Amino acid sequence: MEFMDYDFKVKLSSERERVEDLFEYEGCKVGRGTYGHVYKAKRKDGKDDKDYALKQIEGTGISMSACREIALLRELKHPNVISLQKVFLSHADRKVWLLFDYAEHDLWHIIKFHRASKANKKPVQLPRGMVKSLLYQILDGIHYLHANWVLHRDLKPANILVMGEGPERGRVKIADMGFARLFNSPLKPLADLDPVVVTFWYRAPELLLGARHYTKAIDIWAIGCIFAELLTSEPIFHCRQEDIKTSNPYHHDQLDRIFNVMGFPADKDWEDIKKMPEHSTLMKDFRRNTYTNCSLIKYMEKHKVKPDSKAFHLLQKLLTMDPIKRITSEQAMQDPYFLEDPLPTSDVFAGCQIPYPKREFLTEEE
């Protein structure tokens, strides 16, 4: 079967831009994940000296994650959302490669660096101007995404990149559209068509109680989780992996950690909790009295965040259990926390020395 005109085919093949002809990346892998691999790459022509990131998408062909990342990043344009420069399609192995400007840093590595300090009795918390500037730019990017009907659905420190030395020094880039949806995306009665998830530290409580809707409020919760982790260096709802994975929404231990931090919601705090699909499972497995002495105040107080601070008051509005009582991105940006000294800056490193090590190359066999 020859479905393509011969002359068309030879011309296409002659002119096709090939990733391995244009970029040098062999032995330059810097990340791996369910998404695929990321390489730090240089142009093989001498035409510029920039570092680029190449994302080799997991698997063969156009998976659902590949499709939505290409579709959405193709449309989107904002200083706090990673910009897709090019898509390379490699026809022989049916591999997809995405080209981006290289971001030396991200929040996973930044937080790790500070947590390592504290654990080394050589303690350094994240500077408070940097924390605020990061949060502001996260909120700015997600507000733009939301305004354009895109829900991210996988916000977490590894997905919040920060640009290093160069023309965009200290700028936040939200990355990885692999889980993203539009407001109006159909609800699939069975499993969400997403990559596998094994930890749920950033997942809003309504999801853990089986709510099926895609919402802006779900992203806002995750950003609250990130703000807390930036203030304290610890993932606030850290929880072990379950021994037995299942794909159903209810995760007992994750909920238990949440109630240990936040307390168990009273009827008046979250009236529609009774409407959650897993509400009777919650009543079966939990007793609200187990958590009577728990609250975000007490948790944050232990981690040297003062509960009368503007930072704490903002955090509490992001980490509100009832999604309908959760602050929006635009209201969060209007919060007086952002008017209090120091103002957020467009370079989150505020012109100062960056202490964070550069990414190292991954040389292991997979």
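Throughout, rigid core stands for the largest set of C-alpha atoms superposing within 1.5 Å between the two forms. Numbering follows the first chain given and starts at 1. What changes on going to the form deposited in another entry:
- Following superposition on the rigid core between the two forms, the residue from 297, 64, 28, 333 with a C-alpha displacement of 2 angstroms or more is 64, and no other.
- The two forms, fitted on the rigid core, differ between the two forms by 2 Å or more at the CA of residue 181.
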Given for the second form:
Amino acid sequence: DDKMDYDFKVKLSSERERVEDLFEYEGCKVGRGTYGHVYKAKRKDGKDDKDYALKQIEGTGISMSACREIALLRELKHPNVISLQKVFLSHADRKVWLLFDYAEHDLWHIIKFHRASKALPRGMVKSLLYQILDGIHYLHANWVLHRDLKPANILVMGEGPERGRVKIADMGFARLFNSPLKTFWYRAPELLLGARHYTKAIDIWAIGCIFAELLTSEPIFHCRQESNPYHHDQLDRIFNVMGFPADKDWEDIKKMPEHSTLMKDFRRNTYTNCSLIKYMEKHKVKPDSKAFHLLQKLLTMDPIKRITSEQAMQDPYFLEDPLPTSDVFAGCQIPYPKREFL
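Please supply the corresponding structure for the form deposited in another entry (the preceding block corresponds to the form deposited in one PDB entry).
This part shows the chain on its own.
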């Protein structure tokens, strides 16, 4: 700028750390999506040989979603939430880069490995669940909702000082007026019936879905693909697993914007032999297990009757043998492949 002081400008330009000078990342892309571009990176000087994740934020400048992600990550500190190490602001192209510690694994790949094996885990499942609840409880206590919880966003650290530690990532930081309206497998039924705002209870439903999938290796509410919140086939799958809710189970279902549509399309009789008990029996989980009774409390249809993250953390399941461990792999060797480059 002409009206900016020149000495001030050149001093800052001389001192400013550029992402391309500090890190080696070309050809090392490991992710690509609506979030942006994620790279596996090494430090160019030989101070430490650790792996780092570099996220180039989607778009240019500082959008409302970019502003809020920086704002909140700058404050949040907890072992089970991914930690922002540094921000690079690239003046030439107006791009924003975020530096995090590198997580070798995630629940999407871990679950796919077990699902692929067609031809430790019980201690691992509990420990994963406990750390996901701990992480989300920390965000919730700070009035920060995730708003997009699923196995792809539950990272797990590989070999290093934080071996087998869960890291929650890719929080939905920007949603206009906190609104859902502006593959549906992890979405709470109230969202599908047109709920106008995200809640803590919506995150908890997603954790219930993740927990079912960890126990069975299959997405509990799996459904075919395909603006409006109402999605017929996703609701049908929910009722096929859960049963259709009685008036007493969800009294305020009448207040949901899409309730009359539900009544128009669905009949109670269709799901009269469907229940979570029967579904989980077919996938070798016992209904009198402490694991199951907790799952049912997490997967409660009416959001006000859904258990909170803190109450789920106090569940006797986590006092039953085996106890949860800081390393979810529990000292055992990691059989899961390292993630490949793009």
